[PDB]
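*Asks:* What follows is the residue order along each chain.
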Amino acid sequence: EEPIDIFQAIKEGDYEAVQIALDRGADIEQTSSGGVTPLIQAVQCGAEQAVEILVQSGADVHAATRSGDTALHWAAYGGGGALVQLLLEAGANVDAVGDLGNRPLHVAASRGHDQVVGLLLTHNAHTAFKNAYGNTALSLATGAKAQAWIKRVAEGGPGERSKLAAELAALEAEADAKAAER
Amino acid sequence: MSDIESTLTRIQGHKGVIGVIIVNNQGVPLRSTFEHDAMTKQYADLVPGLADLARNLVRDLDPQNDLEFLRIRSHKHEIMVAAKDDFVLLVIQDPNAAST
Amino acid sequence: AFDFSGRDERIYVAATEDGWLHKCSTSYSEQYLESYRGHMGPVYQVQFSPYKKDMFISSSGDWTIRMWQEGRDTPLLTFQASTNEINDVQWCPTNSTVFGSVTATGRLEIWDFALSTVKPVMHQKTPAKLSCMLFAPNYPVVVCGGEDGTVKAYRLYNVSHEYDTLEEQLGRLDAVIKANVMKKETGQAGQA
Amino acid sequence: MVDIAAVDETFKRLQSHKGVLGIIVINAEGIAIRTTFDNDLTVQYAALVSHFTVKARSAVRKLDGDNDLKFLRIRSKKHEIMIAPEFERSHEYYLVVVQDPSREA
Amino acid sequence: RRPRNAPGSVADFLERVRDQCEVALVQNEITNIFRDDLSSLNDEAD
Amino acid sequence: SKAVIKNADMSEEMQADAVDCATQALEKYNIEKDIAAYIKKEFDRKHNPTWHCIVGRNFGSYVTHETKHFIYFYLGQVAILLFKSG
Amino acid sequence: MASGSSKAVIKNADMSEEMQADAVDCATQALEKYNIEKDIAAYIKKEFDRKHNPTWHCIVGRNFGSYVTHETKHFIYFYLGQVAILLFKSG
Amino acid sequence: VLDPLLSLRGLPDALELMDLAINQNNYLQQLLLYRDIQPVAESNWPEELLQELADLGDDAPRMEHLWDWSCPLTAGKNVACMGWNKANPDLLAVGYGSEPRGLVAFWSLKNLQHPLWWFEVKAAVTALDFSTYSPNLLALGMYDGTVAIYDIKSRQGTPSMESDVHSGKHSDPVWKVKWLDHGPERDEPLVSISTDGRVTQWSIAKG
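Protein chains in written order, with the deposited numbering: chain A, 25 to 206; chain B, 1 to 100; chain C, 866 to 1057; chain D, 1 to 105; chain E, 392 to 437; chain F, 6 to 91; chain G, 1 to 91; chain H, 412 to 450, 581 to 639, 709 to 817.
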C-alpha cells in the first residue's frame, strides 16, 4: 500500500490516517521543505486530535522550524487554549526561544491571545524576558486586560500565577456551564 | 533669533542634510539653503501638496486629529515635512549618511 | 561627600579631607556614631552599596579605592591599579561585584572584584582628565565627563546581571568578601 | 509550501512592537489583502493610503525620475501610520502598520 | 497562499519591508519618551 | 486605478473620453471640487453643455439626465458622477 | 438620538429665502424618514419637482466636490449637522 | 525689518523636531547595534590574569564607545557634575565648571551637539541633584557655597530661590547635594556638604 502522507492526512483532518502512518512507520519527526514536523503542522492546522495522536506516538514537543518557531509558538499564533494546554502538558518549553528571541509568552501577547497568555503565565512564562527588538511581553500585549495580567505576573510571581490559574479555571467552568445550559 | 540661527546652522552642519527650506502658507519659500532656486521652487510646489493631502487623510481618519510630522523615504533621498498652521518646514536628507 | 544608609534615613557616612569617614546621625548632631580610618588622602566619594547597606565603597585622592564595613574602622579592601588619583567611584546597579571609577589622569576603569581585586576588568584612557561619572539607571552604559566638556558614553559587555536576583547578588557578594578578606578576627574567638 | 505560515509569522512579529494598533496588506487597487482591523476601518485606510501613496509616488518621480519611493510614515498627535510600498511590474503592494507612538510599555 | 517566489509574493514583500517597519517602530519609543520629557512634566506641575 | 463604471447611459467612445478626462483631472488636482470643475468645463468644451460633475467618496444623489448623457463610475475608490442637464 | 435640532448651517444660497426655508424643511423631513443618502436625495428631488417647477437635482453626502451650472435663484448648499446637502435646478 | 521667521511662532519647535529627525537618523545604526537588531601597577598586572581574560574570549567583560555629548559652548568647561532625571532616565543635567562662570546643560539622546536647554549661573557649579517627587526641581550647590533651586518648567536661568549668607550660604564650595526621599506625604528637604565643615539640611517650605 502507498505510504500515507501524514502531512496531507493532518491537513485534511484524517486522524485515523495519521495513526495508520505512524503505525506503519512514517517518520514522526519528518521535516517538510520548511522544516515543519507533523506535530507543528497539526498545531498550525488546528487538528487537536492529530496533535495528541502525535504526542502519544512520540512527536517532539520542542521541535522547531528553521526559523526557531516551535509547535508551542504556532499554537500561540492559533490562539487555541486547548492546543496550548495540550503542548504544555506534553512538555513544550514555556519560554522557548523562537525566531529572534521570541518566546511563547511574547508571541501570545503580540497577538493578544488572552487565553494563551494566561495559560503560559500559569505555566510560569516570565514577563521580564526581552526579544531581539527591545520589547517586553507587556509591550507586546495588545489588549489592556492581557497587559494587566502580564504586569501583575511581573510583580506577583508564582503566587499570582496560582491566583491566575484559579481564575482561569473559574472562567473555564463558567463557559462550560453556559455551554451546558445552551 | 540667536537660538533659531544656531539651530539652523546646526541643521546645516549635520551629516547628510542635503537642503532645508522654510515655506510660508501661501507656497513661497521664506528661506532656502539650496544654491539653485529651481529645485527649491519644485519642492515648495510639490511637497506641500503632499503635506496637505496627509493632513486631509489624518482628518478623515479622525476629525479631532491633525498631521504632525511626515517622512517620505525614497531610494536616494528622504524628505522630512513639518507642517504648522502658518508655515511648512521641508528638508531633503540622505538617510544612508549614517552608514558613511 | 556623604551617603545616607537605606536601613535608616537618619544615619549616614560622610567622608572628610583628612582621610577619615564618619558614621553620623542626623538625630544626634554632637558626635559621629562611628569612625573609619586608613585613607591618607582626601576621600572624594563615599557611597553605600545598593545591594548590602552595611558595606560601602569610597574613592580618594590618595590613589586608592577602599571597601569598608560598619563596625570596622579599618577598610575591608584596598584597590590601587595605578599611581593616579581616583576622582569618583560608582557601584554598578546591574551587578553586586562591579564598580566603575575615574582617575585624575583620564582613565575610566570598570572593576569586577569577583574576578580581580587588584585591577579593573576593563580600562579606557583619554587625553583629557575625568571629573565625574555615572551609570545609566536602565542601561548598561557608563557616562564620564571631565575638563574637555564632553560627556562620553560606553556600553559594557559581560558585566550586567540584570536578570539575576538580589538574593543571589548578595550571596555572590558575600562569597567574594569571604574569599578575599583576610581572617584577622578568627584568631581571638578560640581563647575564651 | 504554505505561504500562510510565513505571512502569519511576519504579521505577528510586526504586531508585537509597542503600541502597534494593527497591520494591513493592500494591493495596487487600494483593496486590503489581510488586515487586523475591522472591515470599515480597514477599507478607509486602504483607500486613503492607496491614494496618498500614488500621489506621493507621482511627486517623487517628477522630482527625480531615477528615484522611487521606498518607505512612508505619517505621525499624528495620537497615532503613527507606516506605509511600506513595493512597485514591482507584476504587483504593487503596500504594508500599513498603525501604531500608538505615545503608548507606554 | 500564493507560494514562495511566485509573482505577487506577499511574504517576500513583507520580508523585504519587515526590517524597516520595525526600525520605525523602534524610533517611535525614543520620540515619545523625549516628548514625554516635557509633556509628562506638566503632570507633576499640576 | 481602473475605471469602475457603476451606471452608464452613454456611448463607448465618450465613456472613454470621460474616463480619460477624469484621469487627467485626478493627475492635475487633489481636491474633488477642482476635479469636478475641470471635468465639467472640459465636457462643456467637448460635448455640448450643460453638463454637471460631482466628485467624491461619500454622496448619494438622484438627478435627471439627458439620454446618452450620464455616467457614474469609480476611479480607484473615488466616485465620479456626470450628467447633462439644462 | 440627539433630539436637539441641528441648525441649518447654510454655506451657499442662491434662491429666495421663503423656499430656502422650505428646502430646509424638506431636507429635515427627508433625513427623518430615510437614513440612506440616495433615498433622501430621491425624495427631496421628487418633492421639489412636484412643487418647484422641475427639473431639480439633489446630492447629499459628507465628503465630495462638485461644479454645476444651475439656473438663477435655483441653487443651495447647506448642512444639517455634518451632512452636506446640495440642490440645483438644471433643465 | 522683521524676519518672517519671527512671524512663525512654532518655528523653533519645528527646528528642534528636525534636529530630532537628523540626530535620530544619524545614530539609528548606533542604537540598533546597541540593542542587537539585525537589519607601574598596570605593568605589574599578572600575565596569567591577562591570559585568563584573553581566554575568556567574547565572554570577557568588554567596552564599546557609543556616542559623545559635546557642544562648542561646553568646550573648554570642566564637567563639574552630571545627574540623571529621577523621573526621566534619559535626561542628563550636566553642570560644567572649574570664580569661573558655570553652565547647566540638559543633554539627551535626541541631541549630542547642543543641549535641549541650557542656562548660566554666576560661577562654577559643584553639585546638582533632581527632586524625586518633582523632577523639574534641580538643587544646585555652587562653588561659592550658595544653594539654589531651579525649575526647568519655567525654562529660565534665574533660580527659583537662593541661599545667601543670611539664609546660611556656605563660605566654602558645596560639593554634594541630595534630595530626601522621606515619603511623598511630607516635604522633600535638601542635604548639602561643603568643605567649610558644615553638612546642612534645607527646608524648602520656609525658604
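Wrong hints could be hidden among the right ones.
[To be verified] Below, a list of computed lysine-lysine pairs in the DSSO-like style, where the Cα atoms sit at most 27 Å apart: (1) F:73 to G:46; (2) H:788 to C:918; (3) D:55 to F:11; (4) C:917 to H:788; (5) F:73 to F:7; (6) H:763 to H:779; (7) B:84 to D:77; (8) H:816 to D:77; (9) H:779 to H:732; (10) D:70 to D:55; (11) F:33 to D:55; (12) H:627 to H:763; (13) B:76 to B:41; (14) F:33 to B:76; (15) C:917 to H:627; (16) B:84 to H:763; (17) B:84 to D:78; (18) H:732 to H:763; (19) G:33 to G:46; (20) F:46 to F:7; (21) H:627 to H:816; (22) F:46 to G:73; (23) C:888 to H:779; (24) F:38 to G:46; (25) D:70 to B:84; (26) F:7 to D:70; (27) D:55 to D:77; (28) G:46 to F:11; (29) H:732 to H:816; (30) G:7 to G:33; (31) B:41 to D:78; (32) F:51 to F:7; (33) G:38 to G:7; (34) G:11 to G:46; (35) C:994 to C:918; (36) D:55 to F:46; (37) D:78 to A:175; (38) H:788 to A:175; (39) H:788 to C:994; (40) F:51 to F:11.
Don't read these hints as lab results, they were simulated from the structure.
*Asks:* Against this structure, judge whether each hint is valid.
*Replies:* Now the hints, each set against the structure:
Under the criterion of a C-alpha separation no larger than 27 Å, the hint pairing residue 73 of chain F with residue 46 of chain G is consistent with the structure, at around 22 Å. Annotation: proposed proximity of residue 788 of chain H to residue 918 of chain C holds, straight-line Cα distance about 18 Å (limit 27 Å). Annotation: proposed proximity of residue 55 of chain D to residue 11 of chain F holds, straight-line Cα distance about 24 Å (limit 27 Å). Proposed proximity of residue 917 of chain C and residue 788 of chain H is supported: the alpha carbons are some 20 Å apart, at most 27 Å.
The straight-line distance between the Cα atoms of residue 73 of chain F and residue 7 of chain F is roughly 22 Å, inside the 27 Å bound, and the hint therefore holds. A hinted pair counts as satisfied when its Cα atoms are at most 27 Å apart, and residue 763 of chain H with residue 779 of chain H qualifies at roughly 25 Å. Using a Cα cut-off of 27 Å, the hinted pair residue 84 of chain B and residue 77 of chain D holds, with the two alpha carbons roughly 13 Å apart. For the suggested pair residue 816 of chain H and residue 77 of chain D, the alpha carbons sit about 42 Å apart, so the restraint of at most 27 Å is broken.
Note on residue 779 of chain H and residue 732 of chain H: the hinted pairing holds, with a Cα-Cα distance of about 15 Å set against a maximum of 27 Å. Of the supplied pair hints, the one linking residue 70 of chain D and residue 55 of chain D holds, its CA atoms being roughly 14 Å apart against a limit of 27 Å. Distance hint between residue 33 of chain F and residue 55 of chain D is fulfilled; the C-alpha atoms sit about 10 Å from each other, no more than 27 Å. Note on residue 627 of chain H and residue 763 of chain H: the hinted pairing holds, with a Cα-Cα distance of about 15 Å set against a maximum of 27 Å.
Proposed proximity of residue 76 of chain B and residue 41 of chain B is supported: the alpha carbons are some 20 Å apart, at most 27 Å. For the proposed pair residue 33 of chain F and residue 76 of chain B, the alpha carbon gap of about 25 Å is at most 27 Å, so the pair holds. For the suggested pair residue 917 of chain C and residue 627 of chain H, the alpha carbons sit about 22 Å apart, so the restraint of at most 27 Å is met. Only pairs whose Cα atoms come within 27 Å are accepted, and residue 84 of chain B paired with residue 763 of chain H is accepted, the gap being roughly 24 Å.
Taken as a hint, the residue 84 of chain B and residue 78 of chain D pair is honoured in the structure, with Cα atoms around 16 Å apart against an allowance of 27 Å. Simply put, residue 732 of chain H and residue 763 of chain H have alpha-carbon atoms about 21 Å apart, close enough for the 27 Å limit, and the pair holds. Of the pairs offered as hints, the one joining residue 33 of chain G and residue 46 of chain G holds, with about 14 Å between alpha carbons and a cut-off of 27 Å not exceeded. Distance check on the hinted pair: residue 46 of chain F and residue 7 of chain F sit about 23 Å apart at the alpha-carbon level, within 27 Å; holds.
A threshold of 27 Å between alpha carbons decides the hint, and for residue 627 of chain H with residue 816 of chain H the separation of about 24 Å falls inside it, so the pair holds. For a cut-off of 27 Å, the pair hint linking residue 46 of chain F to residue 73 of chain G stands: about 22 Å separates their Cα positions. Distance hint between residue 888 of chain C and residue 779 of chain H is fulfilled; the C-alpha atoms sit about 25 Å from each other, no more than 27 Å. Taking the CA atoms of residue 38 of chain F and residue 46 of chain G, the gap is near 26 Å; set against the 27 Å cutoff, the hint holds.
Restraint check for residue 70 of chain D and residue 84 of chain B: satisfied, since their Cα atoms lie roughly 25 Å apart, inside the 27 Å limit. At roughly 24 Å between alpha-carbon atoms, residue 7 of chain F and residue 70 of chain D fall within 27 Å of each other, so this suggested pair holds. Annotation: proposed proximity of residue 55 of chain D to residue 77 of chain D holds, straight-line Cα distance about 23 Å (limit 27 Å). Among the hinted pairs, residue 46 of chain G with residue 11 of chain F is consistent with the structure: their alpha-carbon atoms are about 23 Å apart, no more than 27 Å.
A threshold of 27 Å between alpha carbons decides the hint, and for residue 732 of chain H with residue 816 of chain H the separation of about 24 Å falls inside it, so the pair holds. A distance of roughly 18 Å separates the Cα atoms of residue 7 of chain G and residue 33 of chain G; the hinted pair therefore holds under the 27 Å criterion. For the hint pairing residue 41 of chain B with residue 78 of chain D, the CA-to-CA distance comes to about 32 Å; that exceeds 27 Å, so the pair is violated. Distance restraint check for residue 51 of chain F and residue 7 of chain F: the Cα-Cα separation of roughly 23 Å lies within the 27 Å cut-off, and the hinted pair is therefore satisfied.
Straight-line distance between C-alpha atoms of residue 38 of chain G and residue 7 of chain G comes to about 22 Å, which keeps the hinted pair within the 27 Å bound. A distance of roughly 23 Å separates the Cα atoms of residue 11 of chain G and residue 46 of chain G; the hinted pair therefore holds under the 27 Å criterion. Under the criterion of a C-alpha separation no larger than 27 Å, the hint pairing residue 994 of chain C with residue 918 of chain C is inconsistent with the structure, at around 31 Å. A C-alpha spacing of about 23 Å is found between residue 55 of chain D and residue 46 of chain F, which places the hinted pair at or below 27 Å, so the restraint holds.
Between residue 78 of chain D and residue 175 of chain A the alpha-carbon distance is near 24 Å, which keeps this suggested pair within the 27 Å criterion. Of the pairs offered as hints, the one joining residue 788 of chain H and residue 175 of chain A is violated, with about 32 Å between alpha carbons and a cut-off of 27 Å exceeded. With a C-alpha separation of about 25 Å, the suggested pairing of residue 788 of chain H with residue 994 of chain C holds against the 27 Å cut-off. At most 27 Å may separate the alpha-carbon atoms for a hinted pair to count; residue 51 of chain F and residue 11 of chain F meet this at roughly 23 Å.
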